[PDB]
Amino acid sequence: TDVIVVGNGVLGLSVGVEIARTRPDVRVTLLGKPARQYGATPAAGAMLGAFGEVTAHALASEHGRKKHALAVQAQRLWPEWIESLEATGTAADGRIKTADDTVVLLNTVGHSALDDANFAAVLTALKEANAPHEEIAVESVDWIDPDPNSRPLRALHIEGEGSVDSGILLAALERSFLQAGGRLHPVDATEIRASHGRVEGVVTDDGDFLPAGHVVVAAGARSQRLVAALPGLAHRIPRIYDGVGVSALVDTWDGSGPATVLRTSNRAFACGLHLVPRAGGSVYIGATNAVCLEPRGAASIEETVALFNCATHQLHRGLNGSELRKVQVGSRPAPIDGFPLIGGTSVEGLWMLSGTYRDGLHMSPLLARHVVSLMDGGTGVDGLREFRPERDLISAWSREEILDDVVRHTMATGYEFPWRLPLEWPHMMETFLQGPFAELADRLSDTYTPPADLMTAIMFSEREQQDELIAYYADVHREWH
Amino acid sequence: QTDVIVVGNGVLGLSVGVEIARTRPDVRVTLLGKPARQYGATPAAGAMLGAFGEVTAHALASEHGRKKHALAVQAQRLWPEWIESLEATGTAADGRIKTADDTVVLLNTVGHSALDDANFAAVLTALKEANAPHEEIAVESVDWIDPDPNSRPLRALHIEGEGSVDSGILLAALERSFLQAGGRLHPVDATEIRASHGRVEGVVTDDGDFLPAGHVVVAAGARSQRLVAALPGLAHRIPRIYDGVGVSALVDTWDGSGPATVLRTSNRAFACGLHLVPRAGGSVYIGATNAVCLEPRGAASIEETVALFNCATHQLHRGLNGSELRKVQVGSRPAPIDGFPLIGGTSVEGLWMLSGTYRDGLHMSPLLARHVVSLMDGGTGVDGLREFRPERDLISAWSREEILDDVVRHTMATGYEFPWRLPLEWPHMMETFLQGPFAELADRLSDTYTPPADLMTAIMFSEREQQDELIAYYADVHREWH
Amino acid sequence: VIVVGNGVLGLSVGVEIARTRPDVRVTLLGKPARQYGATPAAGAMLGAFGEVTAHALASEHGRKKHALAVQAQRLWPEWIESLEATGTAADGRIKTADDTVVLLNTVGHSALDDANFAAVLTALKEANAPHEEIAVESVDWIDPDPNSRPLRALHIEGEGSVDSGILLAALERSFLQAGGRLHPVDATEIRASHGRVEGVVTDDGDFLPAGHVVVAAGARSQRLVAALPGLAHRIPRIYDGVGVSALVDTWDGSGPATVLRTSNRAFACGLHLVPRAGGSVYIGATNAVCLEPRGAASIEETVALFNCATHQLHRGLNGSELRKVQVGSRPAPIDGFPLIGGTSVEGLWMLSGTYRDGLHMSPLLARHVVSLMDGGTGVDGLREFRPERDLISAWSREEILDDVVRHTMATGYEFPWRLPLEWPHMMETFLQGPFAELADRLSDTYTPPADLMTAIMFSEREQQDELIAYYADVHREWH
Amino acid sequence: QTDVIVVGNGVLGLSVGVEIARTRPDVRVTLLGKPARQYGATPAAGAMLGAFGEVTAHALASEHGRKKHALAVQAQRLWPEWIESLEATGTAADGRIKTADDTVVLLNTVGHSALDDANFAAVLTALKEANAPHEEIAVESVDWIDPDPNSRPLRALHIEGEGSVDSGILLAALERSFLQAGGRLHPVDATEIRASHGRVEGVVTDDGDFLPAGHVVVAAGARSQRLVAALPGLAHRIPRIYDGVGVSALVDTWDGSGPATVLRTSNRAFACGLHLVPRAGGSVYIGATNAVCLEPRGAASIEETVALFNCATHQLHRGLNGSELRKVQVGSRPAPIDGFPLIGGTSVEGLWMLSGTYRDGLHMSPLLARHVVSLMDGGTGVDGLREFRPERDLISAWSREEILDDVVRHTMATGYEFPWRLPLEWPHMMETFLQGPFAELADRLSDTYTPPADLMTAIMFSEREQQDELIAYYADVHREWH
Ligand SMILES: Cc1cc2nc3c(=O)[nH]c(=O)nc-3n(C[C@H](O)[C@H](O)[C@H](O)COP(=O)(O)OP(=O)(O)OC[C@H]3O[C@@H](n4cnc5c(N)ncnc54)[C@H](O)[C@@H]3O)c2cc1C
Ligand SMILES: Cc1cc2nc3c(=O)[nH]c(=O)nc-3n(C[C@H](O)[C@H](O)[C@H](O)COP(=O)(O)OP(=O)(O)OC[C@H]3O[C@@H](n4cnc5c(N)ncnc54)[C@H](O)[C@@H]3O)c2cc1C
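Protein chains in written order, with PDB author numbering: chain A, 11 to 491; chain C, 10 to 491; chain D, 13 to 491; chain B, 10 to 491.
The set of hints was computed from the structure by calculation and includes no laboratory data. Think of the CB as a built atom: it goes at the ideal place given N, C-alpha and C, for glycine as much as any other residue. Mixed in with the good hints there might be a few duds.
Unchecked claim - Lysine-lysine pairs mimicking DSSO-like chemistry, simulated, CA-CA at most 27 Å apart:
| no. | chain 1 | residue 1 | chain 2 | residue 2 |
| --- | --- | --- | --- | --- |
| 1 | D | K336 | C | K43 |
| 2 | B | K336 | A | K336 |
| 3 | A | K336 | A | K43 |
| 4 | D | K336 | C | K336 |
| 5 | A | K336 | B | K137 |
Said to hold, decoys possible - Residues of chain B placed beyond 10 Å of chain A at every Cβ, according to the derived structure:
| no. | residue |
| --- | --- |
| 6 | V36 |
| 7 | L133 |
| 8 | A141 |
| 9 | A244 |
| 10 | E333 |
| 11 | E472 |
| 12 | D477 |
| 13 | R488 |
Could you build all of it, start to finish, from the sequences and the hints given here?
What follows is the structure, encoded as structure tokens:
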């Protein structure tokens, strides 16, 4: 029985590996090119972020608390998953794990309404989960050499929350996939073919047709656009946008690196500052985030400067004199309703693994096992049912909660710069931002409100793009009510 | 009576008092006001004899603004003989009224291009049109200045015969000249003007006394309209005047030096600006902030003092940083609600007004004095003052659209003048989000009247009750004149 | 008895003498103008734990000064009761706050602010003082710029503030009630012969006889006594620690319920707000050691004071009305420690060189000197601070050179500056050599503390050479 | 042999290769170098045809600097025919070498007055002295630019006929023209020049081969002196060349637009500068940082990338902020230790050098190529270039005092160009404390030689062992020539 996995990121390869190992009866073919155009995974550090990803806003919603529980469950799978992938290689392939622990730093280069609230939410989430952690003296954090005006005054050590080399992970997944009898076919899917409510297979961009009983779409930010061509699915699969992220590999001045992940809490519009250790005198610094209504594969000047400025001031001034090896750009799959698209469709044999935004790589072994269990007639992981791909848009927050959040995040872009303004200006800007965002939210839809990250993108998009989204929301409402 | 009472002891009241006393030796002229000069604009002034230095693109884009500028140019011609006539009543030991003959206008980048670049070009054009002597000079040739390099000027304009006076020595010379001409000083305040059968009878003072008069000249600064508005019908016939609260400072320089000229920028956000006026005895005057306040204020805010000092130390001379602060001065520019002065006669026989002169009453004083004295003698005074008669419908010198463009530009200029450091997308975001609220305010205040930018920002950030009282005021004025 | 000086120390000792010796005539000199007066420019904080620095507590002399500050705090409640007792409700309240909050923000050098916050916490724990580290969100009233906000806060119970003006009025009233005489003239000269005080010549030409003269003339105290034979090189010099503060009427008439402060910052300046009655707050306070007196604020001092308060404490102060810029001279002793007690001249006493905390220590210092004048031994730990002494060397030259470079760099971080990231390390490297060369040139044995060392570094060559001569003459006298 | 080997495939090697191949059709010319162009200056260049734009007050204060400037002016005259002759060997699809005809020099306050104001005046003086066509223009008339108002220019200078080329299209045109003239491209590096009996024999390549030749022209950029220094005595007879590491970037503009002219500042701290060179197809070039490194570096630092982008987005066009980064480019300007190029013949028969051209070798290339080809043919080439012969005692173009003033000014300029915000006493404090250490370094390095400011800062912040090796180098040069 033929299975085609569309996409060669962490999610496609993780599901490919689990099918190939688990299902000796199926021939599994994985599509995607070595260039990995718009690929999130190669641009990732990556942090195995569960507690580090906690925000007050996320944990204020039932859907956010459910997503967090799944991130905590995923962390338990990583040690055996890494062992099983390194087992198919040798010493020369390098180590997947680059750090065991994370330090979260609190500095004043940001908004109190995000950074202070989020630091308290991380502490509360760790205490509630009984996770091992300690608030530590900043003086005890090794390696860091911040600008004194940008320095942390509080620090939180999270034990067993670490990082992987995303490049070594991708290489280990491909090697493990081939060892288990998987086939890599380096072309893109152009079209999923279906008739009589069942997948027939995939047309490739070299003109070929590949037959299959099962198609798993794990094409990152392209996943919904690929499935939306099939009858009715345009308004039944929530849209996925590009959360364009910029990161960099730097060769440090002295070849040193920190022993732990160093990070802030999530910041304005789900960007954040972090350093992930790498082998061989390299560090990863990340990572910007901007929701784009169309794909973008190149860094902007603004993104590169903000990333470098935050890292050199808030983490280590020695990075200033360090050599830039690579500016990396990738698209976090940004779901329009703020939650992932994991599981089966109304089309027999059609599955989706996408819309994982900031933490698909961390959740990958859990999500892979879930979808593979479903494909085998199992029930997979409890609590992933709410994130089924064919659904009405989730409304995880009130319009009022989102309007408060989008104004706070807008103001946070100033405080994170950090700006220097006359003291009356911030209050003036807060007062004049409220009305326009309230008017936009009211005009977009009577029922759906986009989360803050997408709402700012819509606010500053062309009138034609806003009108097309008004029509999309109206057609979704029609379909599900 | 043929007795004259001048209400007010600032530059305007004393200047008119001197001109009346010298021109009518047959009549008794009495001047009211106390030596404290509460909220007094004149003692807080440097002061610059600003004509060309006061030019803005926005002012010269209106007919009323061009008329106000023509009068400033005419006033400048009177200053040399006026000063000679005042110093003539004193001796060398009284000190010199004039502290500088010339002005240098500096162009730096610590401000909005839409104000500073437009205003510098407007000053150059106005000087050329008036055939005034001036030269664009090398910045390196400007005497004394030692700016922060990131705050330095890259262009400089020397204006010949546009100078400064010591406002304290001017006030002393005016009082001395007033007494020498037979004027009487009565150091009390007027509480009420008495009139009946369309004619002034005189003035009740705050010690309970009644002083009779055939002529009353109101030059009481920002209190002038409140004083006249008590008389029948005049409450909606005399445009309101608000307090343009200005902060300045006297500094003893580190080495006792000072520049040989006035140093200034063009007028900046909401009619503030940066200037240094030389003084004798190792002192310099630095000014000056401006904020229209709906009620009087007699104390500097922290924000005003810091902005004044920061601009002077960075843009003029870093040596001022180490210099000793002698005095923070606060005074009220009389800020007329329609943006133009109140000069001349009333529907009440013998009642005259000299007020609402905002930034340049001191500069215009010899011209305004001669104008009102000519009118009191049955003359027509100075040509082009007619539009600025005190009993009038509110002037609309600009379109609502021109004022809305100006108030947004001035708001943005408060950022660039700080100077702020922001992400590059933020200024355009703030411009876009400022437009709607200012347009909504303008539309709500009145169908016919629009306050100038300086007052519009004060109204925007005032209490709902103060906005509603202004809506009622505008409606009552409309009723009275239409 | 003649007390020379009408600040907190002179009036406090005057009150204690007049109350304790009703048999003796006590006359207090000084003018209502209080030229260069430290006391009227003070908030004032009853600073014991708030004044703790890592540098101070690293020396034996610094630990002794701190112990005395802790002892002084215990005397304040009864002292205030005894002074308010001589007045009525209409005189106003001396005490303006009971408690202090210390804020830690990043608008400063880690090497000062982080070290000093840890030192304050340690000193509170060691003294068993009641205190709590609190959530910043729980600090009432404050509205900082988010980029200037505190991330840690420390509530110190029973460390409060007084209105310095109401204290001065209460001391004068209490002095008169106890039979003291106020003579509003200055002393020009102390007269002594056969190793004994005869009295004081005043600036109106008069001679006032006395068996006892107590010099509490603030920053003028040593210059006054140095005229007497040999005392020029036996009484440590006192300089002017010129301080700028301000009274502000708040936008809404509100004020905080506690003192709000940082730890001491570059060259012993600091940021604090002291509550006052009637919709006023006190903000302070700058500090610059000047080799000559200065009675006017500089532009730079006024801007630094206002900028720190509006950003780090409350943005609402920006729109608040300036009522008064105050300037006073902290008596800055050349060896960093006060001059308290008796001299080799019989009947000649000194109370001076108290720098940042003479007002706080006043009831303890007053009782000490009055005990000594009565043949007692006063307070146990004050002996090292006797006014007739060789200059104290409380720190190694190396410790002071590290401190002066750290404090110089802290003037940048406290601004706060924005510079290319290589510049701070470049400036640290190029500051070390010149300060080491200055220290080596001034003397083989004495090193001025950082606050005075920066003043000497940027003074005229003639002023440096006069100090080299002074240090050499002191060495001669004592070795 | 009569065979010629050109060692190096940058603008200078290819330009000389083309001129030899075209002028000596009888001889085999082989050009060495790899398509990677490791550390290559030319591919990282915009490039500006900078003659007047490169003028500084410091350069024109020395006789050697005035001679270098005269040669840059002469080179400009050759470019039109040179470009025609190179495009002639291609077709329409190869694209155009010339990307702009004119340059605008902008003066803003994001820099030190002691560099930017002095250099702007020096450019104006040099244009007037040369009778070159130019105009000081209104900043409002400069097309395309959209600066941050706090970073905006207040003066602008239009230089007619001073333009730019696409360095990539130039390199492709030079290779094609070299082949068309009968040149051979051998894509390997030289490891060693072989000579005996005072004559070149040829070149050993890094693939182990030996290539015989009668003539070897070394145009290996910053590697040129290290290659020749192996030959007897030449270690102390050919001035050292260091790496002037430069960072630039190609950006796809938000709307596909670009300016019609080069936009630039005068040269800034340690011979960095801000400029935008137009490119075809919706791309712009922005440059360019400069740091002398004692060892080669092939990667941009974080600091360099941020400074380049921040200056361009604030001072030229805020729209670049939202523009897509296509490429960060890094190349090594050949930085001669005595500040002047190494052009011409050696004491070794058939050995020639074209190197040490720092910021303007690409601009001078057609003149330098014709000069060396004339010398190889027994001519005297171009009149003023004999002073820049490669085998020489180190030039001392400035007094030690002039260089100590310059290095302190340039150090302070790194602050003002950031731009920093500091307490007003700090800059004077840092100036005072920088003077002593730079004077001590200069005194310790040598009794006779002083490195120019750009190299002096690199030496100041290098390891003690690197300083000691330079002291030995200077002593060995002194020994050799005195
Ligand atoms: C800057 C950055 C930092 C990050 N940091 C972290 C981190 O710290 N921790 C963490 O857990 N995660 C991190 N992530 C990643 C995040 O978890 C993502 O949600 C996750 O990588 C998504 O994986 P994916 O396989 O769904 O998508 P991708 O990784 O985008 O993979 C999809 C692949 O499919 C290919 N494709 C597209 N269309 C087709 C088609 N038609 N046919 C075939 N192939 C196609 C694409 O080229 C691509 O290679 C980061 C991402 C970014 C951009
Ligand atoms: C800005 C500032 C803030 C402060 N804040 C605090 C604080 O928070 N807490 C605290 O505890 N303390 C504070 N202090 C004060 C500090 O404690 C001082 O050490 C203390 O006030 C010194 O008091 P004194 O009486 O010795 O001097 P002063 O208060 O200066 O009194 C000396 C008096 O003697 C007079 N005098 C001088 N020469 C003669 C003469 N020849 N004859 C007669 N009279 C003469 C002077 O005019 C003056 O009035 C502050 C001081 C300043 C300047």
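* To do: Compare the distance between the alpha carbons of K336 of chain B and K336 of chain A with 27 Å, and conclude whether the hinted pair is satisfied.
  => Between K336 of chain B and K336 of chain A the Cα gap is close to 11 Å, so the pair holds against 27 Å.
* To do: Take a quick look at whether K336 of chain A and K43 of chain A sit within 27 Å of each other, Cα to Cα.
  => Judged against 27 Å, a Cα distance of about 20 Å means the pair holds.
* Asked: Per the stated criterion, does the least C-beta distance between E333 of chain B and chain A lie above 10 Å, as a non-interface residue requires?
  -> For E333 of chain B, whose nearest Cβ neighbour in chain A is about 4 Å away, the distance does not exceed 10 Å, so it is violated.
* **Given as non-interface: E472 of chain B, partner chain A, CB spacing beyond 10 Å** => holds (14 Å)
* **Distal placement of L133 of chain B relative to chain A, Cβ over 10 Å** => It holds; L133 of chain B is separated from chain A by about 32 Å at its closest Cβ, greater than 10 Å.
* Sort out whether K43 of chain C lies within 27 Å of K336 of chain D, counting only the CA atoms. => holds (24 Å)
* Below or equal to 27 Å on CA atoms is what counts here, so check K336 of chain A against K137 of chain B. => With a Cα-Cα distance of about 46 Å, the restraint between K336 of chain A and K137 of chain B is violated, given a limit of 27 Å.
* **Pair hint outcome, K336 of chain D versus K336 of chain C [Cα-Cα no greater than 27 Å]** => holds (11 Å)
* Hey, is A244 of chain B genuinely clear of chain A, shortest beta carbon separation above 10 Å? => Its Cβ never comes within 10 Å of chain A, the nearest being 30 Å, so this holds.
* To do: Compute the least Cβ-Cβ separation between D477 of chain B and chain A, then decide whether it is above 10 Å.
  => holds (22 Å)
* **Check on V36 of chain B being off the interface with chain A, judged by Cβ distance over 10 Å** => holds (43 Å)
* Asked: Going by Cβ atoms, does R488 of chain B stay more than 10 Å from chain A at every point?
  -> holds (36 Å)
In terms of the numbered hints stated before, the structure departs from hints 5, 10, listed from lowest to highest.
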